[PDB]
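Turn these sequences into a full structure, and let the hints steer you where they fit.
As a plain string of letters, each chain reads:
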Amino acid sequence: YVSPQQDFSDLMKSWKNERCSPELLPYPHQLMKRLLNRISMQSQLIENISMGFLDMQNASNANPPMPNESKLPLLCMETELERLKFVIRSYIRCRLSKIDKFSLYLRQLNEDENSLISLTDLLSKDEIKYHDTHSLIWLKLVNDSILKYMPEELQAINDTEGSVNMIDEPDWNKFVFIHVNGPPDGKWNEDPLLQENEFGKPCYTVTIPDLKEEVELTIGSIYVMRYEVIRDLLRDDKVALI
Amino acid sequence: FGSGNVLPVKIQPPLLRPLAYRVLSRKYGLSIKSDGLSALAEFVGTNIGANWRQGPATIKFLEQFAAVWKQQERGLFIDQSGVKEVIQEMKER
Amino acid sequence: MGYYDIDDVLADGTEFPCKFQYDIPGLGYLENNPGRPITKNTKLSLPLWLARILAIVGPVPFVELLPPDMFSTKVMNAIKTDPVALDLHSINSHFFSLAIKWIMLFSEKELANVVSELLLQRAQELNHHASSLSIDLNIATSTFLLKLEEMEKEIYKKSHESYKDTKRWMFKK
Amino acid sequence: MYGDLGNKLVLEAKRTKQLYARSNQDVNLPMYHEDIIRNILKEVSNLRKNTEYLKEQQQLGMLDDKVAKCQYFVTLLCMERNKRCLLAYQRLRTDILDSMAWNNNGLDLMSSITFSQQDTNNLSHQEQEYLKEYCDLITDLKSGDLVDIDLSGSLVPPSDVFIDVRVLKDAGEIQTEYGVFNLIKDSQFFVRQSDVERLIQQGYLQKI
Amino acid sequence: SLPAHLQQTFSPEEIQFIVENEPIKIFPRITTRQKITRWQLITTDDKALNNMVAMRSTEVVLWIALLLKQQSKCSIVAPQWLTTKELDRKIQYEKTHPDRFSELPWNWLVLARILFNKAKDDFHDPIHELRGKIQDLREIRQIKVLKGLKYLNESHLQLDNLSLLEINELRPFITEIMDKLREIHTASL
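Protein chains in written order, with our numbering: chain A, 15 to 256; chain E, 7 to 99; chain C, 595 to 767; chain R, 47 to 254; chain D, 428 to 616.
Hints were generated in silico from the structure; no laboratory data involved.
Quick reminder that beta carbons are idealized off the backbone N, C-alpha and C, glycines included.
Treat the hints with care, since some could be wrong.
[Unchecked claim] Sample of chain R residues at the chain E side, in silico, Cβ under 8 Å:
id, residue
1, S158
2, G218
3, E219
4, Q221
5, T222
6, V226
Printed below as a string of structure tokens:
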């Protein structure tokens, strides 16, 4: 770590994985904190130079900031901050929409005792407040509008035993485009999953049980593949959603 | 909102508008008109002593000015009424 | 299994033939005959949200599902002979959803081998018509888009919109 | 039979979806359907009465159990179908409302100045209430940890530092950070894109 | 995010953003070497920008290069693949092998359009010839994509060297067709 370029690379890869994935990916808690702190300090910095340039100007009708080696640096600061803010905004709003889509599923996950998935890790605190408030508001709306005139036998908005399941869950077999990066950093011999093939670079192997077949993914090729069989590789950065 | 300072020094709004802009236009609210900006100079100059390098005071003043515009419907542009809403604010306390 | 899907709700309300296997009084509004009780071995067309469940609960269930008219041998032969020219809209506006439903209730490998080929052969024509962006300086598209299922119109709209946006961005001056 | 009316309601939803799908600009929801909804309410109430009557008629022991089970199942299924139709309609209308609420930079929508996209009387009272709390939720999101980032900002990437803009509606002088814009109608500006995003979003400026 | 589709597919402008987030080479027309205000960037390394000498080759990110060429302080050198010779080699490779895609960079269309729009003077070859060659390549790639679309199934596909824009304009059709085929196959099990 301790590299501002890698923070931006990680944010971009997280955003790209977020847009194309069906599920609700875990929240990178530390990266967001570091980026928000960096933005907070940087905005203060540009504000400081702006104030310093403004105050001296009015004092004794001095010349403005001399144009050479002056305007372009500060303009670059502003535009860079603008781009970074846009990227984070798009990431946050996309994940908020995905939270909206899967409210009942997340509630059922949180209510289950024997579930390793917990909302304290998968959901940010502000996202927790959003989920709780939106669920209550929607429940109030539906209860006031429709559900009050219904028999006590069926008055639940979540019914897993009815004719049609009322709790929607993510599609675990959606087809996605992936690119095979390989090892996240290097040391191709270190990775145990890598296995060499004939007259070619080492390729990963996966199995499709419903089809009952073995599929080999060669490094440097783009594939259209099921999402479930590639979850571990994406979690370990071996593959990247395009 | 307080009194007893040294004296109301007069300063031009050019050195006051950046803080008001960042607090109001960017985050929540907008349209600080020129006449409204000049109006918002007098009350902040009433307690002007040892400020623009201070801590919370100016930010809290802008927060309180935003409170009226969330409470009352009002509009977008800020006009010579800006003192008229601070009269309401001092009525509240 | 989409509770809030509009198209699934619509397609799930189609009428299928069926036969009562018991004799029961009190019914009759199914036949639009209020006072008349239903007899045994009576053939009526019931909606799918009812006939699906009535064929499971009994052992022998209360009602038997009869072969549909939209899955006859004539329709299969017409599908096999010429997939593109066939008018699936006239047969039924929700052919595919009901097809997967029928495959799910009754495991039929023959139908799964025919519907897949039909979809695969119609996808090529769908792409050909979706990729044809007009240039300013045909009867085929108008004729073909009137033979499209409800599901295929969504895919056509998505592909067409994506192609138009790509072309718009490429030639923006 | 019993649910045949509710299907009509679902059909209406489909039409609304098309207006949502084929929308170059923001649109308005059509009139509410309180009369159809009240008709489903009446018929489900009648179904409840029928279920009660079946309960007593069975518990006096005049009818066979196998016979009563069938009409019990039929009434239950009809009520379930009616619930499904009503919930689907409500959720579609709710989603469109949420989209509009997000696409107005937060704010209180109808109480304050609105972009005139929607009339007051189209929405139901419960929908009007729901919109208010949803807007408050957006508001206290925007004051969370993500103060610096404007969660209600523009969603098109920035790729042009300096743009040409034209004023659509007349206005007075507006102060901006380190300067002033004078909004004389039928006048053109050459200025940075960041300063005029707010004014373009609110309809006081044209072009980009 | 939510409005105007954007749920599961990127817009062309976002693809352009990703492309402009990539390095490029330049010839500075100014000297900002430290003497014997500074850039201090937070997402890109500023070492090259701080240490600049005129008439020497350095590399920076693309959008800074466009911003500099907006003024008169830069001159971007087009990549070596943007030449008539290297394009004619790829056209021949494309002709000879009718079952594989040629090895072009994953941003060739977007980079070509951006460079033609912004840095028109910097090219050495006439620009109309290059513009024709790009269309010549695109048509053949479209023919190969059309032929390859016939082999759609439920298991997996491989598109080894397809470009970013070509993948983006084809994703919604391909994904949905294979999804429907997969549901049909799964139902019969």
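Do the hints match the structure? See the list:
no.: 1; hint: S158; in the structure: holds (6 Å)
no.: 2; hint: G218; in the structure: holds (6 Å)
no.: 3; hint: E219; in the structure: holds (4 Å)
no.: 4; hint: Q221; in the structure: holds (5 Å)
no.: 5; hint: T222; in the structure: holds (6 Å)
no.: 6; hint: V226; in the structure: holds (6 Å)
The structure shown violates none of the earlier numbered hints.
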